[PDB]
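Work out the full structure: start from the sequences and follow the hints.
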Amino acid sequence: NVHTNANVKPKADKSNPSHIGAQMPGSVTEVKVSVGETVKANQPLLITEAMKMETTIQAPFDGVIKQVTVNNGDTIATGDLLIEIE
Amino acid sequence: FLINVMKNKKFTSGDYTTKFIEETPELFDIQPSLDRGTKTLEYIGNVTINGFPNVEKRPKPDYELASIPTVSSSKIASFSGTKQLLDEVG
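Those protein sequences? They're chains B and A, same order as listed.
The numbers in the authors' numbering rise by one with no breaks, and the one at position 26 of the first sequence is 1118.
With the authors' numbering as the guide, the letters of the second sequence map in order to residues 461 to 513, 515 to 538, 538A to 538B, 539 to 549.
Any given hint might turn out to be false.
Mimicking DSS-like on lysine-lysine, the simulated pairs with C-alpha atoms at most 30 Å apart in a straight line are [stated by the list, open to error]:
1. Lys1158(B) with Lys1106(B)
2. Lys1132(B) with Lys1106(B)
3. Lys1103(B) with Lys518(A)
4. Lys1101(B) with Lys467(A)
5. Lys1106(B) with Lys518(A)
What follows is a list of derived Cβ distance ranges for each label pair [what the hints assert, rightly or not]:
6. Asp523(A) with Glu1122(B): 46 to 52 Å
7. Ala527(A) with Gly1165(B): 54 to 60 Å
8. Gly1171(B) with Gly505(A): 57 to 63 Å
9. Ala527(A) with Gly1171(B): 22 to 28 Å
10. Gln491(A) with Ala1142(B): 54 to 60 Å
11. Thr541(A) with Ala1142(B): 41 to 47 Å
12. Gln491(A) with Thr1121(B): 38 to 44 Å
13. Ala1142(B) with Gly505(A): 18 to 24 Å
14. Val516(A) with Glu1122(B): 22 to 28 Å
15. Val532(A) with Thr1096(B): 41 to 47 Å
Residues from chain A that keep clear of chain B, each with C-beta distances beyond 10 Å, as calculated [said to hold, decoys possible]:
16. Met466
17. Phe480
18. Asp495
19. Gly497
20. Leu501
21. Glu502
22. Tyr503
23. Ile509
24. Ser535
25. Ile537
26. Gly540
27. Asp546
To be clear, the hints were calculated from the coordinates, so they are not data collected in a lab.
Just so you know, even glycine gets a beta-carbon here, dropped at the ideal spot from N, CA and C.
Here it is in structure tokens:
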């Protein structure tokens, strides 16, 4: 806890269906799931904030969250891996 | 309040007594009146500090002049286009 948003996420593999990457830069407002939870297609996973606008990130299909890369109030660049699902 | 007193004909006449207030219900139709000036300074203040939705946070760009061509307004009043034509023939 000297850097909190100065951790570096890896980059999503664009050609991996289970990698969800950030679509633009901004802010994690609220992580809504843990490594291990099962989810349904279209479930709230993540609320981000872009430039004063809230976007909700959803499950693409049904499955199992395998890694969650961010914490409330971390910052993100286009392309950052946010979640793995199966 | 005082403003409303100043305006009152009972006041102006000299008529009034000590019961002049209790006796004069309208002294209390004061209306909360704006300051547009302030609210503007508050808008600018807020956007300056916290940005605007969907605008990339960044110093206010230097833009170009494009000084804006105008046409005198009495010259415009002399034109007769498809507006006037509708007024005539429907």
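Check your understanding: Which numbered hints does this structure break?
Key -> Violated hints: 4, 6, 7, 8, 9, 10, 15; rest satisfied.
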